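Okay, here's what each chain looks like letter by letter:
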Amino acid sequence: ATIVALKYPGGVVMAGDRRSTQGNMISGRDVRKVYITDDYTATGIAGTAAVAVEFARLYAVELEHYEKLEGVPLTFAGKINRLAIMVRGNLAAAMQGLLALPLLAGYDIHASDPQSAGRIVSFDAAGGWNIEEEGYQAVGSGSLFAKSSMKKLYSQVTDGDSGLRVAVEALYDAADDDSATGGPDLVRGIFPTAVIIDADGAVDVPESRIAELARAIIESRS
Amino acid sequence: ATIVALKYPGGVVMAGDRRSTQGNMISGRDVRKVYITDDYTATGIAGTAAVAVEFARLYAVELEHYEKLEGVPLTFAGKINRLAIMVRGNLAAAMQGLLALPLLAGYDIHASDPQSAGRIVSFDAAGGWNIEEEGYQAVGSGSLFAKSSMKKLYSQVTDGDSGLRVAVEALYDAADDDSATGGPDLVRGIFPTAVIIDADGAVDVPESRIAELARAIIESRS
Amino acid sequence: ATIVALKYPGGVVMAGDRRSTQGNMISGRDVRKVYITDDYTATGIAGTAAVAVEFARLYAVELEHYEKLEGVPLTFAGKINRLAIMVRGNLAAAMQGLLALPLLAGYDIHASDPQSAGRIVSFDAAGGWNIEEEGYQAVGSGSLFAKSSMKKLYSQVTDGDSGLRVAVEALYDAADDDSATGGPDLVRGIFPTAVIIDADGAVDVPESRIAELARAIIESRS
Amino acid sequence: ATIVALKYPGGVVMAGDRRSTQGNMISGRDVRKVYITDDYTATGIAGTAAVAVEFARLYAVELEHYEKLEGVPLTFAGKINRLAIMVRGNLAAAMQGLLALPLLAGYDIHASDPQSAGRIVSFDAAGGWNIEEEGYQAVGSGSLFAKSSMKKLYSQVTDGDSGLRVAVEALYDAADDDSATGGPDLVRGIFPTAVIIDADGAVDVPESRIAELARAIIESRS
Amino acid sequence: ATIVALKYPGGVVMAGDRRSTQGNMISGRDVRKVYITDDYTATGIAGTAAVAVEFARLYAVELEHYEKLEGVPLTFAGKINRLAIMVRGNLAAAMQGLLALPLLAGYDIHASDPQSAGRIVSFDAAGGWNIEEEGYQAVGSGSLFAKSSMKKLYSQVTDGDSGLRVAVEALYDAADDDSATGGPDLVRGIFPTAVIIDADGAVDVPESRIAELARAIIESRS
Amino acid sequence: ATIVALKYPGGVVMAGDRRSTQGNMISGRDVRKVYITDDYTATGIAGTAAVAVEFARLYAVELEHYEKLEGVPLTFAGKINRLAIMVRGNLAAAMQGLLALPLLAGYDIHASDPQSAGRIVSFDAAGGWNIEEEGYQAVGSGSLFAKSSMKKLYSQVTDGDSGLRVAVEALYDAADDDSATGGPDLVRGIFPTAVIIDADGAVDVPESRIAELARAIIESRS
Amino acid sequence: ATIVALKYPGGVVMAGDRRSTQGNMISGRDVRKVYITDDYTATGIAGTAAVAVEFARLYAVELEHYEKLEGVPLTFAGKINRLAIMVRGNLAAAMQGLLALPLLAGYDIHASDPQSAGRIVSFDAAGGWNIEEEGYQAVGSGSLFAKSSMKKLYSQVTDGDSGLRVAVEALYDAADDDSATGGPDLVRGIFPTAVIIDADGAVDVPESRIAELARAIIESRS
Amino acid sequence: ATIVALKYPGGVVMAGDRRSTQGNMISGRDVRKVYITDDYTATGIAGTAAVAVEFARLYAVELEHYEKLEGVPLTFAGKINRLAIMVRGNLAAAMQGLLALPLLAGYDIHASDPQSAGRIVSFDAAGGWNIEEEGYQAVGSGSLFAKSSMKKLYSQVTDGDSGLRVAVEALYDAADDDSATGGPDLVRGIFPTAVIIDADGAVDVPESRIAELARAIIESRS
Amino acid sequence: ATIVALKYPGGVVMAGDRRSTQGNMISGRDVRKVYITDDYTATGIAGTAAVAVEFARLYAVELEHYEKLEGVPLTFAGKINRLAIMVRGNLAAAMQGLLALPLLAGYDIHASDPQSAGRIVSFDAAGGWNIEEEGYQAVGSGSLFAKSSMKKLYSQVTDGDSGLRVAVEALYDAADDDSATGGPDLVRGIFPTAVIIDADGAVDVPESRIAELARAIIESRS
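Chains as they are written, first to last, in the deposited numbering: chain O, 1 to 222; chain P, 1 to 222; chain W, 1 to 222; chain V, 1 to 222; chain Q, 1 to 222; chain b, 1 to 222; chain R, 1 to 222; chain a, 1 to 222; chain S, 1 to 222.
Watch out, some of these pointers could steer you wrong.
[What the hints assert, rightly or not] Here are some chain a residues the structure puts well away from chain b; computed CB gaps all over 12 Å:
{"no.": "1", "residue": "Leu-63"}
{"no.": "2", "residue": "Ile-80"}
{"no.": "3", "residue": "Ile-85"}
{"no.": "4", "residue": "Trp-129"}
{"no.": "5", "residue": "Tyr-154"}
{"no.": "6", "residue": "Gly-160"}
{"no.": "7", "residue": "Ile-190"}
[Claimed, not checked] Covered, in the sense of this in silico footprint (three residues per stretch, anywhere, with C-beta under 8 Å from a C-beta of chain b), are these stretches of chain Q:
{"no.": "8", "segment": "20-29"}
{"no.": "9", "segment": "178-185"}
{"no.": "10", "segment": "208-222"}
Derived by calculation from the structure, the hints in this document are not laboratory data.
Ideal Cβ placement from N, Cα and C applies to all residues, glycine included.
Work out the full structure, taking the sequences as your base and the hints as a guide.
Shown next, in the form of structure tokens:
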């Protein structure tokens, strides 16, 4: 399982693969791991479908509950703090074999420069968080291969389409190197899922755009 | 890793996949695991390239050494006994984490009915061996999926081409269900390797025949 | 023990075997493991008779209690959530040697397309749940053999009778491969139990229909 | 796995089942566990095919080697002593997880009363042996059920046919109670193997006689 | 510590870093890990200076001893076999905390096509060996980062200079990602060591060529 | 990770490096570990960014809460006592693998001699604290190398600029000897962060002053 | 215990302290740890008097035995190899709690440039050896403090007297920082022992020269 | 660390050394371990500065709190009882590696004979206390050497100056024999701290008196 | 048990106590632990009577055997080497609970200055030996008290009588402080045993001289 996130001028993009495994046995082929949590943020957890959907459900409930009580949404720092509290309150269970490390992507609407308002936040096992400054991040078992691919491909990113293409290619490289990550499935027609957040909000990327991009990458590598 | 073997009227066929893994990391894409050991037998070990090639090398040396000393080749039972001795003399090392379970396919030229002269022999960890009577066998981490596929497809086998096709389809099903087994790679052009043994001896199957069969299976499943 | 479930156009079918074991000793020959829990759902737990009947009893009590308090039945998602809470609240006892993994089959009456309203939900040890998209699922110790049989036989399913026949044949294959699963007993006259859920609700399949289907399968394999 | 032996007036009969298991998974359906070792003795080991065939092979080689060196066959007591030495020289490996407990049946030609010349000898883990005096014995995982069945059915034994029938019925009861023992397979046509030793020597029982006896037992129990 | 090797048209190149560590403490800044072992082969071990120099010394003594006894040098396969024997005879000590995994680069003069005569051989802990077919390989603690860098940069290799440049850049990326690997030291003037093997034999690359290449890479990344 | 602090006539200076590691893998290149906690104190924790920022956040909240409740700020001894209570209340978690040892620097405005009003306080694992009397202190994994460098360079400190230069040189020596400490990065332009506290309060040192000082040190050592 | 060695133009100098400890208890005040082993080499082991004297005795016997058998002394590389064999043949006893790590200093008379003929060789626990290139080295429990002191003081070394002074000052700093190392004892009149090796051979430094140098250092630090 | 106490005619004297250690590494050179707790008592704990200062702070707070509540100071027996309660309430933490054993010195103003009113009380790990009758006591890691020195020197004590001199000489002997105890530092000018309690109360001994006494002892031993 | 040895002008003296213990139970009151081993040496082992007498017996046999074979006695260094070999060849048994640490006293007749020809050699557990330079040494469980007493009393030694008196007083102090050492027994009349070695050889001290010295010490301490 691998989720990637990268920043482009005017927004941020996040994408993940679709495989779930029980040892060496493939247990799922259509897992969704990236969820929109509010109008300007999205979360991705590298794990089973249930853990991702449940963590995203609880985080979205907390954010909307605050918005309804107080009349205004939380600031980006407040959202990071609430997520960090939820992650920290699970360390004993994580060391008991149930560890969920999330990745957060968002757009800050109160920033002075809108072209650099995209944000990426990662978390560690102890519950610590870091705002990333290089422009990309990856979590999961193929995260090192994906990060090494983005390190070489990031110079080509100039807007949303280039960023989406680079994210799909990084996921393809992670699948090429690690067997717990699933590649594009042309026989069944299953492709990675992506979310784009910009000044207008977080939207889901349609499946045909991802399919055309993945097919072009495959013909390029042939 | 998976090796399959099945019997058809007039001979036997054996085929294996090409993947080697170190945990969840893909370490090889072109591993050969099926080797011709003499004029009428072939062996397949589910493991790394070095173990398969070294075990096959030692077994072939033993068989040719006997043939040169005595002037005649061993009988099929003598070959089984020598292989069983070699397998038995490795049990402590196998329980130490280095276990190699071979699969043997051969053609008995001293049988009275030439159409049923194909043989398949499997081995267990303790060193025990069994001559198979159902018509097919599989070893490795995807052996259960391959055996369940051959159980349903074996009624279509009537000659060498049908047997080769059923063997390739069983390997495809094993790859579809288990991530340590590699499927046909159309981008790189890597396909499983096969050997056919009949009354004229053991020959390697050319790569283009396997490639056409695998492509037909893929278009059928699409 | 094995329970299978598959989707056909217009409904869903679920069936299980009748054997209970204490090690290698047969302890029961007439165990019922599939229970109707409300008018449109059925549950199956792979285990002893008492665990299946008690879990089904508690789940049915919870569903009817909500229906009586609120005046309306829960939605399908609410039923999944309540079942997931019950499964999650048993993880320590499951790791203490008492693990019960249920399988849920249902018909959603609020779906827009009635021909695809059948649902199948599976659970994992940690309490996670997945809605299945391939059309079939199996749990228990013979679940892999049954799933490999349904993978090859699912193209023949066009309505309720074909689905029932394919489910019985998958259970027969699981019994043929795994000794903890019991096959059809012709001497004693004991056959697997099945439930069919469609737009009119969940009904038990009569024993003579299952008996005729099993006898036809046995004569086909002879 | 179960082997039974019983004494009738004028000889002895020994029979075993055909199943081999790896945990709960059926690994063999045609295992032969009873072998003729010389002209008047037969041995049965409850285990895999390889262990039974190899132990019988070594014991037969030892007996024939003595007969060729000395010009005369060993006495029955000498055969028991040699078998006991072979069994004793395996205790550490047996406690290491590889335990083979044999059962010996024979006809003593130097006895004064030919109608009571049949012998049955059993062995324990430590290597101790006992000549049986009740008329029947069983080894394996279903040995208790088979012995309890022979205790009630032994009054019907008056000659070779009755003894064969009672042995087949005892094996059927063992299969009915224990899942590691295989019953008669009517779909595949596989039946237990038997050996009869009398004043003329040890002969294999043809498969059709066993098949007719098993079918009569099955119709009786229906 | 990291050693890289890659194949170019007409030869092969191998290079390694200069750092040795004792935990988090830097213990050496001028370690040489790549040694010429005969006229057409070179070896690299990822470890301390003493282990690399001693293993290379023993392997070179063995190769020259054979050449002096027999009058001819060994074939490439014979050299691989001797190295594999030496590696295999150290497994217990390797699991005792002293593991040395070598990487072999060579030029085969008896190949029919001189432009593809370069060879790269890697070894695993158990002693197994593989001839590489992709064109590059890396060992050590930064081997994954170096391999991911060569995967993207290998399309630029057309001759010896390009291959040397790509090898230096891959070592730079490994140092950038892993702290046990040392980067180019401009204050002290210490650079990686390289060896080039072609049809004329194995030669050491002068330090000023490596220094100019590393300086150009550093100004490119600035 | 290393933080250094030293006293000069009229104030105190504190500086730390920017590296975070996960074993031998570099995980961060821009970590800030020194934070201004009130108008006259600064704290530095050798660890991840999250631990440093969170500990500093809690300590600053406590100090400002007291100042708002009571109308006056705490004395220097009261601040030391509150910090010691916070450090002591974490010993079990520290022995559980999460140990945070802070270093405190401050300026006492109620001292009679303003030229010696700078203070440095260190803490141990058990929670004990010491006011330092030699003029410098260091914490972290390169603290011994930095302390040995300051022991030789402290005679050159006469004012704020000399103290800043000596602190940067001590951090450079720590990075030169220990691989978990990061040196000045000229390719990326990342330099250590420093804080100066004097009679006017604690201010952050601009990045260009540190950059010029580090460049002069590098050219001196070349 | 600490031994230091440094290279000056025209030779090498080695010196060690005089303390032996049993835990926190001082057990010796006059231990000699540096011994002349032949006309151009000296060895120092950080440990008890008996271990140092016995190791030096055995090494000197080996060197003189070779010189008497062969008629010529060994080369410097041969001496290093013999010492490395002796060190390697003690690893199990070293891990059993008796570890002796030697330091070797010598003058190579067959070098082309006599002003750089001094050599310093260190050894690790596994038996590996390194020729040092920086100009100084230290072993023992205060070796890090001594090395950090020599790093700052080495620019003052221009001949034998300066090198001796820097070695004494480095030992003084090691004693100042670590309690297992003894400083100059002015009450008892005990000072460190030193050896100087140049083109004329290895000689012991008289005690009054060391005493005057140590007294000057003490008055400088006062 | 060592604290000594001895009784002279008309009062009592207590003194301790200034060293703190972390294993074999010197961590402090100016530790104060003897504190005045009320007008007629003083306490000394052999340990770090923080433990001594914190224990003394808590004990002084308790004594003054009683004096303020009740209007009169506690008797000497009441002070011993309160100290014993505090020591006893720390046994589990002491066996967890944090053991603090105090030594108490005081002057009893309600005794009938003022020349023998000095008191010395020691404590054990279990919390037990003893009033000493020999005239001297010592705690710490050099307590045995100090006690053996006082046993021979106690005949010279006739008043406050002789007692102070004997206490300083006993501390010097403890430092001479044990490396965790620090001796007089003439280079840095650091000397042991002492307290004298007589009929007028407890006062701190000035540093120059201790310095002159220590210098006279050093010249005597030279 | 305690043995003391001290050097006086013209010779050496050695003395030990007479107690043996089994835990807290007194098991012997007349143990002799100091034995003359040749004309100029004596040995003392702190332990049971049998160990001391047997070790002394073996060492004396070895010394006399050499003297008889070679015609001359060994040098003092040769005697030390032989004793060290015997002590070293017992380390495993010593760590098994049977540890014997000897103390050697002797007179060197080949020394140039006869007034300083006395020698004292001690041994450690690992087998290491040291020639002592301070003038006295002690081994056993009361060795620290005896050494601290000799440190204060050694200034009074001017000849054999003073040395004997100081040795008896040191043994008395050891008995006064440690309960495993026995003091002079006036009721039974048992006193310590002593040996004096001078230029004329080693002689046993008569019991009445020791008795008068011990009585004078006792009346002095009263």
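Quick rundown of the hints versus the structure:
With a least CB separation of 20 Å from chain b, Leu-63(a) remains clear of the 12 Å interface cut-off, as annotated. Interface exclusion of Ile-80(a) from chain b stands, the closest Cβ pair being 26 Å apart, more than 12 Å. Every C-beta of chain b lies more than 12 Å from that of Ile-85(a), the closest at about 22 Å, which supports listing it as non-interface. No Cβ of chain b comes within 12 Å of the Cβ of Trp-129(a); the nearest lies about 25 Å off, and the non-interface call holds.
Once the 12 Å rule is applied to beta carbons, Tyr-154(a) is consistent with being away from chain b; the minimum gap is 35 Å. A cut-off of 12 Å between C-beta atoms confirms that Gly-160(a) is not in contact with chain b; the least separation is 30 Å. Annotated as non-interface, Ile-190(a) brings its C-beta within 12 Å of a C-beta of chain b; the closest such distance is 10 Å. A stretch counts as covered by a chain when three or more of its residues have a beta carbon under 8 Å from one of that chain; for the segment 20-29 of chain Q and chain b the count is 4, and the coverage holds.
Interface restraint, the segment 178-185 of chain Q with chain b: holds (3 residues with C-beta to C-beta distance below 8 Å; minimum three). Only residues whose C-beta sits within less than 8 Å of a C-beta in chain b count toward coverage, and the segment 208-222 of chain Q has 3 of them, enough to reach three; the restraint holds.
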